[PDB]
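J.: These are the residues of each chain, in order.
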Amino acid sequence: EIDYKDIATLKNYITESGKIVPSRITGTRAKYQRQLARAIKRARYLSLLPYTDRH
Amino acid sequence: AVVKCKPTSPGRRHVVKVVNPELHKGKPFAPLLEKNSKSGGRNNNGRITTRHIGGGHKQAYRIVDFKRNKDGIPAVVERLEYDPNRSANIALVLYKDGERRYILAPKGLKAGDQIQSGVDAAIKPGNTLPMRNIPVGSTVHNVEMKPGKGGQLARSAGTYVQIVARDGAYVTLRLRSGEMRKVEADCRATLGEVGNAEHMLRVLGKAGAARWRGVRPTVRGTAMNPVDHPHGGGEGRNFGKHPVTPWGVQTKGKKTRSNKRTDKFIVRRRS
Amino acid sequence: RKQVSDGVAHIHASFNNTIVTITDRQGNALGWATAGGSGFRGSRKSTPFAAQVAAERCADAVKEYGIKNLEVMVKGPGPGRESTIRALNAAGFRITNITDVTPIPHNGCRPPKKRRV
Amino acid sequence: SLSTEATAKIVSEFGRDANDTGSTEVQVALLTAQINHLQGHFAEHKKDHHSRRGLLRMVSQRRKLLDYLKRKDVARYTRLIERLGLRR
Amino acid sequence: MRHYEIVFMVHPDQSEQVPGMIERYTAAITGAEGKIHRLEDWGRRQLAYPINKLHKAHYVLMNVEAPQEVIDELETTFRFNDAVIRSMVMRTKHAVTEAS
Amino acid sequence: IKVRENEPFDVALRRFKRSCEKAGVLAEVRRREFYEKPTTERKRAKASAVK
RNA sequence: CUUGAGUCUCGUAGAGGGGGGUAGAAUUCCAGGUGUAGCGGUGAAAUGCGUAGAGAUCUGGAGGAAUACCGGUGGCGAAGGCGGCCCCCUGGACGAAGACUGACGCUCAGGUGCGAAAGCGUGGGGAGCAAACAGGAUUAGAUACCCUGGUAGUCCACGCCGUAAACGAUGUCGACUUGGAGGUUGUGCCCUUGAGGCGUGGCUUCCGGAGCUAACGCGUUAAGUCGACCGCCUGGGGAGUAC
RNA sequence: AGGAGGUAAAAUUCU
RNA sequence: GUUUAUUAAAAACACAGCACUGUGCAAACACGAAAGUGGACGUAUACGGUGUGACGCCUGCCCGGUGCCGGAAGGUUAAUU
Ligand SMILES: [Mg+2]
Ligand SMILES: [Mg+2]
Ligand SMILES: [Mg+2]
Ligand SMILES: [Mg+2]
Ligand SMILES: [Mg+2]
Ligand SMILES: [Mg+2]
Ligand SMILES: [Mg+2]
Ligand SMILES: [Mg+2]
Ligand SMILES: [Mg+2]
Ligand SMILES: [Mg+2]
Ligand SMILES: [Mg+2]
Ligand SMILES: [Mg+2]
Ligand SMILES: [Mg+2]
Ligand SMILES: [Mg+2]
Ligand SMILES: [Mg+2]
Ligand SMILES: [Mg+2]
Ligand SMILES: [Mg+2]
Ligand SMILES: [Mg+2]
Ligand SMILES: [Mg+2]
Ligand SMILES: [Mg+2]
Ligand SMILES: [Mg+2]
Ligand SMILES: [Mg+2]
Ligand SMILES: [Mg+2]
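Residue numbers (the numbering used here), protein chains in the order written: chain A, 1 to 55; chain B, 1 to 271; chain C, 1 to 117; chain D, 1 to 88; chain E, 1 to 100; chain F, 1 to 51.
To be clear, the hints were calculated from the coordinates, so they are not data collected in a lab.
You may find that some hints are simply not true.
In silico DSS-like links for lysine-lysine, alpha-carbon gap of 27 Å or less [as the list claims (entries may be wrong)]:
#1 F/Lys2 with F/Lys22
#2 A/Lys31 with A/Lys19
#3 F/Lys43 with C/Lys113
#4 B/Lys17 with B/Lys96
#5 B/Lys252 with B/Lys149
#6 A/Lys19 with E/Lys35
#7 E/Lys35 with A/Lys11
#8 F/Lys46 with A/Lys19
#9 A/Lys19 with F/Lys2
#10 B/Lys25 with B/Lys110
#11 F/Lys2 with C/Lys114
#12 F/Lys22 with C/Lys114
#13 B/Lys70 with B/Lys58
#14 F/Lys46 with C/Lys113
#15 F/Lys37 with F/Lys22
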């Protein structure tokens, strides 16, 4: 959001297979649903949270 | 730089030069060169052992350092020079003790670049270590086959070996001949790719280009009579023969490697 | 053989003929038996039933080396997906864990054009 | 579009005071100033077609309003191009 | 002078090259009068997934103000150091000082 | 995907079996190319999925 | 003269364009470990792959191309068209206050430039896919549709080419006429008094009045009402052909 | 009660 | 450009360019019973061999035969025992 290191949260926006969550389910604001992706996806790049869930 | 030159005259028309604008214009460094007389491709016996060879320009030997044995001591690239004796270009270097040498110039360097050699001696283009001290994957040229025996592998213009394993006391390496081949790993090697890789973009363009390069007309085996070559005679443009060297052996396909003493060093051979 | 008792079953349901093998935990391997040259061959493979029986002939030769359990990761779409495990837990191996391993790209390579039956 | 600071300089001498930001003298000056620096951007890159499209607007507009004054207050132009650079 | 957020990470068996870095970066950004407004360091940390087949690796952070430079010749100092394993330099968005 | 579920029974479990992926994203990524007809899939899967 | 128009100011969102960087999943291949007679493929087959050991599985290593989820009658661009992440360069649009300018405009034959894919040149690159080509089927035939392969090419660089159902088949600008659901991005005011209360901008999707229409349909983003200027049509063919 | 995935193969002609 | 010195100067040979193929260096290859030597004080952007013959548009089908490059299961086989 205002932060991506918020790995604290986020985890309430990504499934038990490691998938980002549709904005129709999570029901989040649009302008800020993007701000989530460019920040969850930011954070999976430096392995604080995974892409997959099998390795 | 490659140039196409205009059709001022045929056999200029197809020409294509390689023009290197920071190759030192003028006379090479005297004390590092010695005479070098041509052969015609004729051996001590007097016979033509290799043919197509002879005639074409005079050519003084530059003594390049293929060993790079003087470790420590920085050396500075004073200038880049043309070399007749090979496609590659050389670099007159000045070791900080006053000694001077020639080295196969790699893709990188220019005037003023520092270089050196030794069991540490940095790790940039122009620097020489034992391969027991170069990262795997590292790109290298002027490779040694037996340590202390100077560089033999990948010396031609724009040429290179990449090291590609370590396997213990040898060090498997692949030569863009396509062949991977273990080698004793105390064997040295210089960082970088070599020489103006632009070399192969030349076109020559006329016959005389080749003549003054040393090389000499090649005459077909069917242009001849059957006493001259096994591609026989004719009676008007004829063949019907399994292609062959003048001495009888098949050309095309006929593998002719024999050396089992080294077959223990080849691991995957070119294709 | 040497008897572990703790192993795993790798199952590949390609569709067209559907296959299953078994290995040890770090993933060595010891037994195919598979729907193809084994109870027909042709459209009467690639059937769920054939996966059942494909699991059985596996079972009936994947014993020894202990095994009395197994992790069971599974590769495929279509028939034989479940019906193997359905017969595996019936032959009496304690179904420890199951897993997806069907390869999903992040769209990576072109797939093959033009096919209307 | 250059720096928010920049252009601060160029409104003087061209303009009668700061925040006199609308005399045809300044925009022209603002344009040229960008264009000139901005020709560097198209040295490198150069296959950046789209960015160029914006450029020519600057050039079109510049020229369009450099022609406007030619009709009003003669030699209010011949006191600025040489003051700047361009009449090719 | 615009702000950047930096967050590199270097492999386990050379964590303790820690401060050896930071200082020269301060010499590199004090030498370009740009106050960093919050530093952090948090070594031992496990990974979402292995890398080069290795779990765990040392981390850091920043939010430095600096010239649109140094990051030129710094973002490239992560282009030697076979030592360091990953990086990221971020946008800006005003200053930074709390989260963690 | 990776499933463990606790304790006593045998049922392969999960009315959430078609969890996130398999059956579906494998059809798509498998069949073949597209480019023009995911645009037709678009103005149909939500030209109809209006009301 | 300031209201059309532009300039300055602080910001906004954006897959706008160009450069360099890096991640992650899969396909293919290289080397091994275990492992044994089948794999693959179809409507059914067979070609092909496998007893030097395939397919399955594990570990390791190459290399190329594309960015799952976000993703959506979502945004962005003049159009073509643009989707992982990261910094550098840069374009445009929009909002708000006020400041300057003072008609600086609109349109545009000529002219200039941009312009999907395939295609061309020089080289480099090549994992997948796949014109051509080959083999397996299919069939009366099968130069096809289906299957095993497969080169150009698809990728990069630099220079060509300049066409698409390049379409909304709807030229650009401005002004004027009931409405309903939204989507999305700003911003002014009022107990943060909510994820607000009350407004006001730009874009945008569906429905629909009047009116228009040959009808289909269009319907404030017009095909309604007007005006400026440009391009174009005058029966089917011949022909977007010949010179 | 939503989504998902799989269900028709080839087969010409009529002053 | 070269060539039948002394009846043939040509459309013949050479040519730059193209391709096939062999060569990891004690290279292939050649001259040498050998030693040694050329190749080369070069190192696959190299060197040898064969065919083609600037350039432009291009270079189709055929591996049964003869060659050459791979093979192993066997069948057949040398000296030898
Ligand atoms: Mg030749
Ligand atoms: Mg020849
Ligand atoms: Mg003759
Ligand atoms: Mg003879
Ligand atoms: Mg004849
Ligand atoms: Mg692997
Ligand atoms: Mg890779
Ligand atoms: Mg901008
Ligand atoms: Mg263009
Ligand atoms: Mg193209
Ligand atoms: Mg091309
Ligand atoms: Mg047209
Ligand atoms: Mg279109
Ligand atoms: Mg409507
Ligand atoms: Mg309305
Ligand atoms: Mg209208
Ligand atoms: Mg025409
Ligand atoms: Mg019919
Ligand atoms: Mg008939
Ligand atoms: Mg002549
Ligand atoms: Mg004569
Ligand atoms: Mg040759
Ligand atoms: Mg000829």
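J.: Give me the numbers of the hints this structure contradicts, sorted from smallest to largest.
T.: 4, 5, 6, 7, 11, 13
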